[PDB]
Every structure is written in structure tokens, then in C-alpha cells.
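Next up: just one chain, as C-alpha cells, the form deposited without the RNA.
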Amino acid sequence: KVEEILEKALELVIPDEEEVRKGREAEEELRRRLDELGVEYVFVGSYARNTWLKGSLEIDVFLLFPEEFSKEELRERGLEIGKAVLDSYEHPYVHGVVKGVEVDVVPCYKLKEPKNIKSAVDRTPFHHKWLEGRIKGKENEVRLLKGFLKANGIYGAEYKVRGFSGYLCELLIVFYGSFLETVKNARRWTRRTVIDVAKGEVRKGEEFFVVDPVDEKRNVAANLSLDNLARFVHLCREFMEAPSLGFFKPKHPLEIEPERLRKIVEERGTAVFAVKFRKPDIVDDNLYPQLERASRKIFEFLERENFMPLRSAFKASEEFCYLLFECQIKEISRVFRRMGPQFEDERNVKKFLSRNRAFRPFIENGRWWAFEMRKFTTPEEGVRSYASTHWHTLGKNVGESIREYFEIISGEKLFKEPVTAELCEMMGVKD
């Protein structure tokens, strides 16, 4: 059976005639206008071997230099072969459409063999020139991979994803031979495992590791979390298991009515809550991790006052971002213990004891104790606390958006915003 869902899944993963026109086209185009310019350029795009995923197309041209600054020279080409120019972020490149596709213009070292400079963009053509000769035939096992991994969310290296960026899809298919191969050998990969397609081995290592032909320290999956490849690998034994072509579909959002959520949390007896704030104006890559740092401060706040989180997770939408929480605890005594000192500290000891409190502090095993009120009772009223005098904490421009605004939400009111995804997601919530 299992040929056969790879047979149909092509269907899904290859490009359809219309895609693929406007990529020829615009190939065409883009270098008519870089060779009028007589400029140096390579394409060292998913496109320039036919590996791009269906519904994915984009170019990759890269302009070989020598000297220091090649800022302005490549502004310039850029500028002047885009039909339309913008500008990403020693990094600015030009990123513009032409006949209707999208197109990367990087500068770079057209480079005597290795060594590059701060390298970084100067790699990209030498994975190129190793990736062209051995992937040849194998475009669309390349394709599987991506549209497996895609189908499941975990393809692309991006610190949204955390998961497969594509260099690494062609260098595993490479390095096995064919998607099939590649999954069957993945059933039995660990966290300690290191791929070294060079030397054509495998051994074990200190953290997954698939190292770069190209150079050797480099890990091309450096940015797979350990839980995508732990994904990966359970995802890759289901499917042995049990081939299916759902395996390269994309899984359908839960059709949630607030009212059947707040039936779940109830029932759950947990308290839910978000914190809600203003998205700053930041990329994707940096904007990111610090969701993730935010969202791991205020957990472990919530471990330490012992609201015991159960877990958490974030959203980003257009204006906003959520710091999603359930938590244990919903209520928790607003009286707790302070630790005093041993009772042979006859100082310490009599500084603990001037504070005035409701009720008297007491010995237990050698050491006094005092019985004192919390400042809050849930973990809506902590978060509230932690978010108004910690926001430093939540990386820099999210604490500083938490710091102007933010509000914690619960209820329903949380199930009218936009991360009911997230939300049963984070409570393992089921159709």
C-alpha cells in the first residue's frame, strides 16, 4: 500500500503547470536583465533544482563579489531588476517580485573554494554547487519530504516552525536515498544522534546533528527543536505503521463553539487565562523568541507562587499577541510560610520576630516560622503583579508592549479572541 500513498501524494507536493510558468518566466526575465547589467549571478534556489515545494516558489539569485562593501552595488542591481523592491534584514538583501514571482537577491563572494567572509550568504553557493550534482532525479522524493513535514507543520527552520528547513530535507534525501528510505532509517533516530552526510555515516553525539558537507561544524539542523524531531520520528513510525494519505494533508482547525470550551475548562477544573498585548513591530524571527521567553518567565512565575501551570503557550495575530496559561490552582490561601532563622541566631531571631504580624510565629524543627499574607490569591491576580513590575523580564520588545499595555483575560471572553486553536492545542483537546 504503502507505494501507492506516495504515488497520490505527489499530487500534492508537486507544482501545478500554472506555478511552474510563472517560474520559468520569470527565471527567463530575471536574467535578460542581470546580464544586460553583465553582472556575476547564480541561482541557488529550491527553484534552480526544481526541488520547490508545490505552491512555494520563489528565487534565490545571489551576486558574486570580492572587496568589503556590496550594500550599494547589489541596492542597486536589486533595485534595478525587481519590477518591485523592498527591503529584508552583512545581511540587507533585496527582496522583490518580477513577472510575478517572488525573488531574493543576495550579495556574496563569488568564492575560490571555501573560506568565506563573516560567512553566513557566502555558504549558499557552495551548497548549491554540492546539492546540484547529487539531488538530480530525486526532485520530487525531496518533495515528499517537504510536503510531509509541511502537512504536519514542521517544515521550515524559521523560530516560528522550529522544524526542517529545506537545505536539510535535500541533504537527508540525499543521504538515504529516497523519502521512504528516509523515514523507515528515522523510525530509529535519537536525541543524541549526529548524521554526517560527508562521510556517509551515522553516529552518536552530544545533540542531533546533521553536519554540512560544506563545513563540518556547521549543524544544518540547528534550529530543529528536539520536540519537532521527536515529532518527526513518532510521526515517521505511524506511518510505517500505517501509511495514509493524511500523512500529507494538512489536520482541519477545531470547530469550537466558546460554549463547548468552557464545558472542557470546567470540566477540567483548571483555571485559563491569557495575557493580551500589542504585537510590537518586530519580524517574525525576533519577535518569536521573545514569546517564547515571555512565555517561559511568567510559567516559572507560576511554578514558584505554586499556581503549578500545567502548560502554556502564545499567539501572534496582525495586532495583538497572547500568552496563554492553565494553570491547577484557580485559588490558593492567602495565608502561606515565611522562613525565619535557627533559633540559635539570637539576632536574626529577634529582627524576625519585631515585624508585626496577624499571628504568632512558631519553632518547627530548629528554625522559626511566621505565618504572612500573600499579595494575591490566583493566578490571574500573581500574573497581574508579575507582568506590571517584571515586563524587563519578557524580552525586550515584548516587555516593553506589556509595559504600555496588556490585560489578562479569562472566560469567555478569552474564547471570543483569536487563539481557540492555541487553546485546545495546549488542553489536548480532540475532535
Contents of the next structure:
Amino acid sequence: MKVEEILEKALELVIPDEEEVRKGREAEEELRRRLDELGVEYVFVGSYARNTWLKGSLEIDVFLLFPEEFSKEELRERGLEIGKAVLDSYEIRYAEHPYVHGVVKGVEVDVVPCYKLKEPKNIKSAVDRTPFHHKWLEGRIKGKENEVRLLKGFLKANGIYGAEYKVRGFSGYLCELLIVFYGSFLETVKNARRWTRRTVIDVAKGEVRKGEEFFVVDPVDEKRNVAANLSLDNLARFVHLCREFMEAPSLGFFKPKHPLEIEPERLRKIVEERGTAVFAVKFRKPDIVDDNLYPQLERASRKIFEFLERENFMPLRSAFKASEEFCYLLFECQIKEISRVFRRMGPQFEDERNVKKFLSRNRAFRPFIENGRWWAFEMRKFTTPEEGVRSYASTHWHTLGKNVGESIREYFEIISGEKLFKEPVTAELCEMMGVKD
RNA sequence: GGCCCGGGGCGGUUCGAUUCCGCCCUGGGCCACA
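Mind sharing the form deposited with the RNA bound? What's above is the form deposited without the RNA.
And the full complex, kicking off with our chain again.
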């Protein structure tokens, strides 16, 4: 029931069992033999190469080394031919540069081409940096592979493990650097409780200082922040999580939380209880990768939230959910309906010129003086948040993300009420409103 | 694709805009993917 106790039991959820290990070992062996039969210059990297991969995420990473002089095009072509002949099944994948994904004796494999170099300088792409990251780590993490797994298991269980945009959490690399710095999971967790948004962890110098942003300097390049994509809020969630764990250690921190569904009926009652306006913007999900899509959902979500605040609808929070089918931007506002009239500030009574221009506008109500300046009663084009957004989304589709915006232009509808509780967003809404139980 | 800094033209709104909402060109930095 104490820290050490829970951690022993926790290993059982993060460390791969022998069957997963053997399975990987057997594929690595066969993979070596196949690569050697073509006399290919390669180097295994990543969590598999260093036995730090989390249970259930066995994936082998093989980077193909290429002379500095080779053209970026030769790399991909020869890179493609090589993965082709060595994999049981292949599938060209992409990123900064293309590569090949596939299978071998049951396990996932990534065949990636990079430049064989020396000295981080002369680098050309993130992929070239990966081997250096690998070298720096193989000597220093040996022996603490399970501390890495506990850290990864902890983060994953709490939805902040990957560094991709859908997550904005802590990359695997980041986790290993943290273990090398603190020595173990518990030490990392114990100290993270004192982390601030100004913390700078410099691995190479074995130092922690106060900078301008959360910054974990890459031992391989002092200018690179390894936690660059860790969001401010995800950082906050981690620090808070560490405080709670240290105060009441539980194995629950390493178990994925149950989706805990809710009957749409109860959701309705809660929204009625809140007296708020709850609605969603629904449109078709553009066929793009999560890495281009989520940042677009975040922007679109924010531009609308911003429209809602300047338009005085008192938005509480925004959210969004993507599906195979559509995307949903979710909102909740304190104001279901606002009056048509509102007041417009005018010039000070002294400014005869501007006062005169200000009184030339034909208005339905007649302006007045108050505290030394003129004011005008004006009429709104819309009186509900839904109306406002239908208006905003129809004309400002372009500012809502390149793709999301293009899809919104060709189609979008606003759903509210019972018709909304039937969409696949009941979970995002419960989180947005802090529904508990 | 998104985010940060900077430039050159515009449209709309406002008594008044560099300064609100947005649109075209456009230079630099960065991030995710591998």
C-alpha cells in the first residue's frame, strides 16, 4: 500500500512478458539475417533497441545509413527497394521524408533512410538526428529500462504519453532523458512536483534552471527543446498528477481510465441543470492525417470561442471530437439569448466633429450622453450563440484551418439539444462540463 | 498543416484603426510525423 509496493505491481503492467519479448527477439534475428544477406549498412534504434518499449507496443526501428553525399532522392528509392525485399508486407508511409513500414514474423517494423554522419552538425532532417539520440542513450539508460517503462505506463494511462498533436504530451525520448537525469521513475515524479512553466532541465549539464519556457535541452543539440510540443496544460496535469501520486500511491494511476459512458438522458438533465447553451458545429472530417487535422480542430475551435466572447455570449469552454465520418466543435455558453439592442460607445461631448459624424447615422433609437460622452443604442444581427456561429462559420470558414475550413465551407450544421446527445460526443461533453461520478 | 517574429498591398466594421474582423502576395524561426 506504499509507493515501493505499488511500483512492484506496476511493473507487471508495463514490462513486456516473455512471449512478447521472444516474439520481438525472433523478428530482430530474422530481420538481421535478411539485411545481412544484402549486405546492408543498418542500425537498430528506438525503444526496442534499448529494451525500453512499453508492453503491448512492440515495434522495431531500423535506420538505414547512407553516405553523406547521396541525394535525398537516392535515399528514398534505395530506401524503398531495401524495405521492399526485407519485409513480409510493406506500406510506404510519410513524414518529413517518405519511408517504409511493414511486418516480419508477426512484429511491426519501420525501415527508415538517413545519412550516416558524425557530429550533430551537418545534419539535414530530424531522422539524421535519431542515430545520435540513440548513441547518447544506449550507454546511459542501460539498467533503468524498467524505470522508463513505469514512466511511460504512468503517462499513457493518464492520456499524455505521445508527443504528436492529438496528445501534446511527453515523447518516448523525453522519458528516457528524464530517467537518465533523475535516475528512476520515483525520483522523476518526486521532483516534477516542483516543476514550473519556467523550468529548464539541461541533461548534458546535469542542471535545472529557470528559463522562459519549459525546456528540456537535447543532449545532442543544446538549441533543441525535447519537450517543445508538451502543452502548458499537459505539463500542469503531470505536475499535479505527481503530487497526488506521492500523497496517495495507487495502482490505479497505471490503469487506463474506463470510458464511463452516460445515458443521454442524464446528460440532458445536467445541461438543463446548468441552464447553459450547449451545441456543436458538425462537418465532414477532411481526409488528412491526425497531425494536420487536430491542430486545425484546435484553431477552428478557438476562432469560434473568440467570436463567442467578443459577441458577449460568455463561452465557458470549447472542445472537439473527430470520427471516421465527421468532426465536432463543441461549445457551452452562459448566454442562451441576448437582447437585440446593445450600446455603442461614441466620442466625448467636446469633439464637435466626431460627435456630428456619430449623430449622422440614421438609427432607430436616438443616442444619449452619459459621463461626458455620447452613446448609441444599436441592433444585433443575431441573438443566440447558435445564430452567431451559423453566421460566423458561413463567412469566416477560411480562417478555421486550411482543410477544416474548406470542409466547413462546403458543409456544416449546428446541432443542439436531444438531437446533439445522439451524436458520438457524450464523452467529450462530460469532460467539458466536468461531469463527475 | 499548425504555432512565433517580420515585412508589401487590400476588403469590412467604427466618430475615429497600424491598433477590431478578415483577405491576397511575402521573408525568417519552430513544431508533429519518420
